[PDB]
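Trainee: Here is what each chain is made of, one letter per residue.
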Amino acid sequence: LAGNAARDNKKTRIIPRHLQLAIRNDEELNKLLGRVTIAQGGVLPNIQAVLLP
Amino acid sequence: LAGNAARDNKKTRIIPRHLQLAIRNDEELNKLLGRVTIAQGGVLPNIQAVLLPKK
Amino acid sequence: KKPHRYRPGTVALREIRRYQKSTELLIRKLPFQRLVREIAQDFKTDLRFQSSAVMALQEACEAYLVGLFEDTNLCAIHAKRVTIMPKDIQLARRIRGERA
Amino acid sequence: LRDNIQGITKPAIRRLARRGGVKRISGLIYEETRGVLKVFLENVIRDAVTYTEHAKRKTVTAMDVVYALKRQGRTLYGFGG
Amino acid sequence: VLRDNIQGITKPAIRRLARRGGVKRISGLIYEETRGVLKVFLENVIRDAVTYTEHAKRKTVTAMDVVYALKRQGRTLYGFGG
Amino acid sequence: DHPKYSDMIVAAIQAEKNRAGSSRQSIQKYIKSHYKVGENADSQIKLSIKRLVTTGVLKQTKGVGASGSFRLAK
DNA sequence: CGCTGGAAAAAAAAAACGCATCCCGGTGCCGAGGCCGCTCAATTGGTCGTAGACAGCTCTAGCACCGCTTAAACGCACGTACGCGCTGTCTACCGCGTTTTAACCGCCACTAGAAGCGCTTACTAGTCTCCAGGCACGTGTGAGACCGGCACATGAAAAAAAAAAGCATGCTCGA
DNA sequence: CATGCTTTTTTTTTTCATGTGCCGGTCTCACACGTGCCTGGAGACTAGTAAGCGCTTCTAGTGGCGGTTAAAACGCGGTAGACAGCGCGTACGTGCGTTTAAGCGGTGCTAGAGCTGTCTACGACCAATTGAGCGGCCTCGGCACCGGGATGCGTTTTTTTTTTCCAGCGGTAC
Ligand SMILES: [Ca+2]
Ligand SMILES: [Ca+2]
Ligand SMILES: [Ca+2]
Ligand SMILES: [Ca+2]
Ligand SMILES: [Ca+2]
Ligand SMILES: [Ca+2]
Ligand SMILES: [Ca+2]
Ligand SMILES: [Ca+2]
Ligand SMILES: [Ca+2]
Ligand SMILES: [Ca+2]
Ligand SMILES: [K+]
Ligand SMILES: [K+]
Ligand SMILES: [K+]
Numbered sequence: 001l002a003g004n005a006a007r008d009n010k011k012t013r014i015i016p017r018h019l020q021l022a023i024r025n026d027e028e029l030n031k032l033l034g035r036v037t038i039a040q041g042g043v044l045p046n047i048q049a050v051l052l053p
Numbered sequence: 054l055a056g057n058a059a060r061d062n063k064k065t066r067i068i069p070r071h072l073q074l075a076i077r078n079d080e081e082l083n084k085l086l087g088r089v090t091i092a093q094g095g096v097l098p099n100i101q102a103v104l105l106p107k108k
Numbered sequence: 109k110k111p112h113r114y115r116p117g118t119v120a121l122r123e124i125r126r127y128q129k130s131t132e133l134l135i136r137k138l139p140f141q142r143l144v145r146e147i148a149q150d151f152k153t154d155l156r157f158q159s160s161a162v163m164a165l166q167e168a169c170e171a172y173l174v175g176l177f178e179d180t181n182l183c184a185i186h187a188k189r190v191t192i193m194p195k196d197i198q199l200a201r202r203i204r205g206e207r208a
Numbered sequence: 209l210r211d212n213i214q215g216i217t218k219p220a221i222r223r224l225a226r227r228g229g230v231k232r233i234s235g236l237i238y239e240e241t242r243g244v245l246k247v248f249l250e251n252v253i254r255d256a257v258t259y260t261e262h263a264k265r266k267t268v269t270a271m272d273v274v275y276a277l278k279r280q281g282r283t284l285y286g287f288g289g
Numbered sequence: 290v291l292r293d294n295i296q297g298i299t300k301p302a303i304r305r306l307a308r309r310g311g312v313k314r315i316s317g318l319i320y321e322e323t324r325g326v327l328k329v330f331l332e333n334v335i336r337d338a339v340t341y342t343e344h345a346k347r348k349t350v351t352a353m354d355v356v357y358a359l360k361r362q363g364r365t366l367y368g369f370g371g
Numbered sequence: 372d373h374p375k376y377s378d379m380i381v382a383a384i385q386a387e388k389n390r391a392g393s394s395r396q397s398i399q400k401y402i403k404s405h406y407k408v409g410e411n412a413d414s415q416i417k418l419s420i421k422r423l424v425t426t427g428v429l430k431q432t433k434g435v436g437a438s439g440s441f442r443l444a445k
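Protein chains in written order, with our numbering: chain A, 1 to 53; chain B, 54 to 108; chain C, 109 to 208; chain D, 209 to 289; chain E, 290 to 371; chain F, 372 to 445.
Be aware that one or more of the hints could be misleading.
[As the list claims (entries may be wrong)] Here are the simulated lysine-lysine pairs, PhoX-like style, with alpha carbons at most 20 Å apart: (1) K152/C x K264/D; (2) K417/F x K403/F; (3) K313/E x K107/B.
[Claimed, not checked] Okay, the calculated bits of chain E under chain B, using three or more residues with CB under 8 Å as the criterion: (4) 309–317; (5) 360–371.
[To be verified] So these bits of chain A aren't anywhere near chain D, every CB distance computed over 12 Å: (6) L1; (7) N4; (8) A5; (9) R7; (10) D8; (11) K11; (12) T12; (13) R13; (14) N25; (15) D26; (16) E27; (17) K31.
Everything labelled a hint here was simulated from the structure, so no lab data went into it.
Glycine included, each C-beta is placed from N, C-alpha and C at the ideal position.
Please work from the sequences and hints to get the whole structure.
Mentor: Shown next as structure tokens:
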């Protein structure tokens with residue numbers, strides 16, 4: 001999944017952010033790693049509807 | 054603390070509810086047993102102010 | 109000569125998109141390091157820190173806060189607001205079981 | 209200690225809350241956050257140091273922090289789990 | 290085989306629980322919402338309990354099976370042993 | 372964040388006092404102070420001038436390739 | 001409309017009705033409490049190998065200091081949108097009465113299956129001996145990160161133009 | 001109420017400005033790979049057990065039966081709460097011009113983390129020895145459960161201070 005996220009960013013090498021994106025987007029990995037922080041992971045882009053114009 | 058809660062209910066013998074009352078009213082025991090459910094414990098009386106009738 | 113001026117919120121949103129896209133630590137590295145040592149003194153003086161140890165504390169902190177804000181934001185919105193306020197944070201922590 | 213907790217600048221908190229997808233921030237929040245942040249570091253560092261002391265070390269290691277965060281239920285990956 | 294005991298969790302019983310929670314007024318929609326949540330709970334806990342039962346090569350779910358299960362779910366229970 | 376090292380040069384000789392010749396160091400000193408910069412900017416204004424030299428737009432009054440003085444076509 | 005008085009409705013009193021809870025003593029049951037006899041765990045006292053305390057040695061990493069520049073913070077001015085508080089509508093929920101239901105209790109009969117125990121051997125600990133897979137260190141080269149310059153999509157303002165919102169007409173019932 | 005008219009109002013387009021995204025050309029660090037060596041995983045043994053398995057004891061789990069009666073359920077009526085809407089006052093956002101110190105690269109010193117070798121207390125293992133405390137029987141008295149009665153608190157009715165809502169004269173603008 002990370003390897004996919006990296007191909008999706010025209011990068012040869014997996015970086016943290018890739019591992020995060022992979023995990024937080026897969027229902028089951030997210031749930032397994034529910035209380036885990038991934039160093040240099042960032043968060044999934046997500047802006048609550050009511051906040052948009 | 055439970056023994057106190059029992060004297061405060063004119064009971065000779067500590068029951069669960071006493072153990073709960075003791076724990077949830079002591080800042081530190083509550084925090085230690087924060088993720089523990091005490092069988093037959095009940096909850097502390099607590100009604101949010103805004104829910105009480107107007108005067 | 110006319111000034112150009114984005115409406116209040118248009119930039120905030122841009123900033124949101126910008127920082128969500130990125131992963132760089134958002135607190136200035138030194139002021140944090142001083143805050144770490146300052147707090148550690150309380151527990152024991154003449155303590156030394158692996159630079160990696162400080163970095164770990166910063167990763168953890170930022171991550172934690174970012175998280176708390178996400179939750180706070182929802183509480184704010186849940187009250188038909190857009191502006192987070194202390195009471196929003198307090199609710200979030202009260203429910204998280206962080207505080208009594 | 210100059211209260212380095214002020215070193216956690218308004219704009220830095222704004223930044224964090226932006227990554228949290230917050231659009232508008234009440235002035236009161238900047239102090240509120242500092243307080244919470246302090247409480248966090250207090251609780252985590254305390255434990256970290258406690259591990260340091262148990263190892264009879266004078267130098268807090270990454271692992272000390274890692275082990276400490278695990279205890280607090282805020283596990284951290286990429287500093288040597 | 291006997292389905293839909295979830296209605297057996299009567300409106301008034303939910304009202305009662307929410308009263309002990311210090312709730313004053315309850316939207317009609319809540320009664321079904323709660324049944325669903327309650328089900329999800331029991332599903333997650335029992336699954337684990339049974340999994341412990343099966344590992345012990347038993348056909349009889351013990352209290353301990355439930356206790357051990359709840360501990361896993363981070364909802365420890367005192368006064369049914371260990 | 373103000374690009375066009377062309378625009379940069381052009382704006383610098385312009386706000387430079389009327390000359391029939393203006394030297395690289397006298398413009399490299401204006402551009403660095405009046406706009407944001409790196410340090411290869413010194414080495415980029417070098418390349419920027421050599422392109423403006425080339426296209427006929429900036430013709431050099433005194434000197435040679437780099438160290439000289441430069442004027443505006445018409 | 002302003003200012004003063006009149007009866008017309010309107011929170012702010014009191015006094016009356018009622019329902020729910022608390023508190024008192026009395027009575028009858030169940031489980032706390034204790035004791036006894038039996039069992040198994042602790043204790044004791046000893047013997048033997050090893051964990052880890054320590055001192056000394058190495059050398060990594062953490063610190064202190066220096067001299068920049070620039071990106072970042074700070075502070076002040078300006079005004080837009082948001083909070084929130086007030087007013088008003090409609091109806092969802094609360095409470096309570098008669099009608100319904102099936103939980104609860106208590107007892108009974110039958111049997112899975114829990115729990116136990118002893119027999120036996122497949123299975124893991126364990127040892128010394130052997131050796132290669134994976135460790136620390138060195139070397140190289142290629143991603144990718146940074147730039148500066150250019151077509152890209154998305155915002156905020158000024159302008160231009162259809163779309164609905166208010167003063168001035170002639171004509172024909174109907175009083 | 002149909003024409004026509006002016007007026008403003010919202011709706012369409014123009015017009016800037018942005019920013020941000022994309023793409024070429026260049027320069028470094030970090031991945032990647034190898035070397036070379038060292039130790040931890042493998043082997044091939046012997047030894048000691050845990051645990052599978054099969055039969056035995058009996059606990060307690062299940063399932064059925066029937067007689068209250070506490071609890072659910074349906075329904076009605078009526079408040080009081082959710083909710084939209086509108087308006088007012090300022091706290092928050094943007095940006096500009098000014099202040100700062102984090103940052104970067106660099107240098108030098110040594111606190112102390114780590115590593116080795118060595119010695120000895122300490123803890124495991126074991127076989128005898130024994131009392132703690134377990135399961136199991138038996139016995140009071142706490143309390144639960146009732147009901148009766150006194151007090152406490154909500155609600156309604158009535159009273160009453162209190163706001164309010166028409167009129168009226170004056171008296172001055174069409
Ligand atoms: Ca009037
Ligand atoms: Ca690089
Ligand atoms: Ca390579
Ligand atoms: Ca056995
Ligand atoms: Ca306000
Ligand atoms: Ca100052
Ligand atoms: Ca007794
Ligand atoms: Ca009783
Ligand atoms: Ca009076
Ligand atoms: Ca008059
Ligand atoms: K060190
Ligand atoms: K076996
Ligand atoms: K059984």
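Trainee: All hints are to be evaluated individually against the structure, with a verdict given for each.
Mentor: Tested hints:
1. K152/C x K264/D: At roughly 12 Å apart (the allowed maximum being 20 Å), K264/D and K152/C satisfy the hint.
2. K417/F x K403/F: Since the Cα atoms of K417/F and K403/F sit roughly 13 Å apart, the hinted pair holds (cutoff 20 Å).
3. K313/E x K107/B: Holds - the C-alpha atoms of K107/B and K313/E are around 15 Å apart, at most 20 Å.
4. 309–317: It holds: at least three residues are needed, and the stretch 309–317 of chain E offers 4 whose Cβ sits within less than 8 Å of chain B.
5. 360–371: holds (count 7)
6. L1: Nearest chain D Cβ is 15 Å from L1/A, so the label holds.
7. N4: Holds: least Cβ distance 19 Å, greater than 12 Å.
8. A5: 16 Å, holds
9. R7: 22 Å, holds
10. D8: 21 Å, holds
11. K11: 18 Å, holds
12. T12: It holds; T12/A is separated from chain D by about 20 Å at its closest Cβ, greater than 12 Å.
13. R13: Given that every Cβ of chain D is farther than 12 Å from that of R13/A, nearest at about 15 Å, it holds.
14. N25: 17 Å, holds
15. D26: At roughly 16 Å from the nearest Cβ of chain D, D26/A sits farther out than 12 Å, so the non-interface label holds.
16. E27: Holds: least Cβ distance 19 Å, greater than 12 Å.
17. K31: 14 Å, holds
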